[PDB]
Amino acid sequence: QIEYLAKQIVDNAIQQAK
Amino acid sequence: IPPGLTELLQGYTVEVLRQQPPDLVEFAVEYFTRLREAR
Amino acid sequence: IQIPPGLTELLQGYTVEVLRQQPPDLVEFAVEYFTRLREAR
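Protein chains in written order, with the working numbering: chain A, 1232 to 1249; chain B, 594 to 632; chain C, 1463 to 1503.
Just so you know, not all the hints are guaranteed correct.
[Claimed, not checked] Residues from chain C that face chain A, not an exhaustive set, calculated with beta carbons under 10 angstroms: (1) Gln1474; (2) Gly1475; (3) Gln1483; (4) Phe1491.
[What the hints assert, rightly or not] Listing some non-contacts, in silico: residues in chain C with all C-beta distances to chain A over 10 angstroms: (5) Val1478; (6) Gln1484; (7) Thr1497; (8) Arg1498.
It is worth saying that the hints were derived from the structure and are not from the lab.
Every residue, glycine too, gets a C-beta built ideally from N, C-alpha and C.
Model the full assembly from the supplied sequences, consistent with the hints where possible.
Laid out in C-alpha cells, this is it:
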C-alpha cells in the first residue's frame, strides 16, 4: 500500500542523511 | 532525529506517490505552505 | 506504484539541513527550505 511505501522511502532517506 | 520528522515527510511522500507531480520541489512548497496555513 | 525520480534525494537534502540547523518548527523550515531550493534552480 502507498502509506507503507511512503514510510519506507522516508525512513530510508532519513537513514541516508545520517 | 527530531520527533515528528518522519511523519511530516510521510504525508508529503504519500501525496507525491498518489498525485505524481512533475516538479517535486514545487509540490513541496505547496504542500508545506498549505499545512502551515491549516495549522 | 511509480516512484518519481529524485524523491529520496529531495527528502535526504531536507533532512540533512534539519539535522544541521535543528529548527524547532519543521513545517516552517520546510516552507523556507523548499522555497529557497525552488529559487536556487
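Are there hints from earlier that the structure breaks, and if so, what are their numbers? Of the numbered hints given earlier, those the structure breaks are 3, 4, 5, listed in rising order.
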